[PDB]
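Shown next as structure tokens: one chain only, the form deposited without the partner chain.
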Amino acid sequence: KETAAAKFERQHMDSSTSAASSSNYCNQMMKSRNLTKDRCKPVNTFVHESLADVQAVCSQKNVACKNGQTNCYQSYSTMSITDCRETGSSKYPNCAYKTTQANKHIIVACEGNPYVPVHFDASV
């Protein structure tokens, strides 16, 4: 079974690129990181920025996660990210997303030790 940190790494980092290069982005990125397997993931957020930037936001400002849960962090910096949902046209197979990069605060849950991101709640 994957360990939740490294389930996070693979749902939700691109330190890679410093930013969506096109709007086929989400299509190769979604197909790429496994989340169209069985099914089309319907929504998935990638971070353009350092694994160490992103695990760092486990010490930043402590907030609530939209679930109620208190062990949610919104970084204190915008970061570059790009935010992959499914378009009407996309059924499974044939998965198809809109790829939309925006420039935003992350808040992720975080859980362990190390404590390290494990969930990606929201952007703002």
Contents of the next structure:
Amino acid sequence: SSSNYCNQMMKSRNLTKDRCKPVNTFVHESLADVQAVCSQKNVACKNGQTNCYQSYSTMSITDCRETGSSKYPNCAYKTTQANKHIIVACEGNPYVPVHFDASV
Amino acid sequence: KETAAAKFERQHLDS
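After the form deposited without the partner chain, can we look at the form deposited with the partner chain bound?
And the full complex, kicking off with our chain again.
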């Protein structure tokens, strides 16, 4: 928990205040552009269900992955920035992203 | 409390 982006944002967003979460992905796009993926390419989710959608374009994403030396309370993350297609599972009305399935 | 859609935004969006 020492000032790279992942350590800072995992703490701020309440993911690592009470545990170290092994992996998390942050999407640097507007909320409505990420919500727009729920009407883009329909694909199967990893679990087999079919309410997943893949973005037509790549999006700016930061992957945060715990190091092999990370132990609560001192969570530590390797930060990887990339531009990738995101795959989200969608539910509700309005039909909105509720789970991040993958980036490709 | 927090809906599933709200949790997705808190955990994964950084606009």
